[PDB]
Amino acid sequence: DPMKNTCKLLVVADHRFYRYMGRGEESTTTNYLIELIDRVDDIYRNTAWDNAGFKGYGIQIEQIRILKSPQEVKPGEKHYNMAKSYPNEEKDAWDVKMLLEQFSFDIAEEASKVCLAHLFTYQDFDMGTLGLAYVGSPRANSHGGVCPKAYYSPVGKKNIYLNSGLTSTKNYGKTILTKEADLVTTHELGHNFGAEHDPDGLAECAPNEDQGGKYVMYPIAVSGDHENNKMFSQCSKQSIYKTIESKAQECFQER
């Protein structure tokens, strides 16, 4: 359906994001995330995934959750919104893969109702990481990315969906730029949409500075200073195209 062209999102701002990006203000936090998703959406909507008319596909916020305080946790338990980081309390942040997995566990019920769930946090993941996301696929039985397609979890007694990704706006002990934060989320969502990383070489999927620079699925974060930086490469387009055409009827909605 040119009609079923929108991937509805559950956007979650944890207590950390609320505090450090939102000024402890619900209005400020909300507005930041509404505006960033809208800027990301401009990128997606204007992309012609088949280099022709397969365009107008993007993202909309369906629900926003602002977690104003950390989740109180009993000894031995864990929650993605807890005060301490996991597994190592001394670090500024969680292990990123474990936080993505934890997020997907704790928000499973709400994630089952949307196309994708995305966590916005403010924590300095080790070694320069900015975000993470499960990769989508056109495969019928695909577990990952767009469209909730359950994994049963013995421990929780319920269905969990890997239709999730996360973005941190802290890196290297600073708040990243607004243009950088848009590129993180674009990139993570891009995975959810079916894209892998752009490779270097003959493929034309990682151009030189003189030709517009790298595309948004480059594995090494693009600056956002170059022309291609906010766009999707051909490698990304082939992958996402295949995914959207197979999954849009299943879980995309009207804008």
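Between two forms, the rigid core is defined as the largest C-alpha subset superposing within 1.5 Å. Only residues modelled in both forms are compared. Positions refer to the first chain, counted from 1. First, how it differs from the form deposited in another entry.
- The Cα shift for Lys158 between these two forms, taken after rigid core superposition, is 2 angstroms or larger.
- The two forms, fitted on the rigid core, differ between these two forms by less than 2 Å at the CA of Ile34.
- When the rigid core is held fixed, the Cα atom of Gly53 travels less than 2 angstroms between these two forms.
- Segments of at least three consecutive residues in which every Cα is displaced by 2 Å or more between these two forms, once the core is aligned, are found at 153-158, 201-203.
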Given for the second form:
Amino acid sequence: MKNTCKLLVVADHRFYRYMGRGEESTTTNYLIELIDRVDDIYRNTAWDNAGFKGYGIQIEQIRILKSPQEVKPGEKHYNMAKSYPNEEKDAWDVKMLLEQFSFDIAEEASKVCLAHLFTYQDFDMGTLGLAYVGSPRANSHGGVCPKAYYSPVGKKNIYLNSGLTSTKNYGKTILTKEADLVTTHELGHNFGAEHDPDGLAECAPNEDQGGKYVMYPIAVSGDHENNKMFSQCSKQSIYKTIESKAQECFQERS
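Moving on from the form deposited in one PDB entry, kindly provide the form deposited in another entry as a structure.
Next comes a single chain, given without company.
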């Protein structure tokens, strides 16, 4: 039916050079494969533990920004060669970066269920990504489905159906299996999931119980059985969002 959230996938010049080897083919295939692996997790998840399954993601359009964005003095762009505010770090403040991407990609984002940015930046405090949390409410801007949000400062309409993933952490490239989980997790927020309560052991098992689920606030290793699965807490939240938003912007799988 309408069980697929089409994506606008964007790779900046950093991801192109460091993850893609300066090759459009390589960068492109990497993203295509990663999204498909993430899609397997979503598609096989039974949100109602019964029959509400088969919902996933699929790339609608891929954009590879081979080189940085020629910028002028006092202006900033998410694909600009240098980082903001501290260029020396070559890693933006993740929050400002997600907002900038949303501002600059507004036009295209209005045409897709979700827009996701892939970069290669070593964000402070082991941060690997960020994304706006979705909601079942139609007038709630964040997450799945485009809903114009007038940005007082931006002086224009933007869409908060976005998120980003970085495959660099502590000076090195993270593992492929870790990359898959960062994106699953960020898309998870987009799909309506909040962080698993570090209290309710039902949603945050001990290592001898299979480990944490993908939406735990501290990045899982991906070594354990539960690491690439959504908890009950996440299933309930995402089910709620999907139930109403799927009718809103989900399409059929191509």
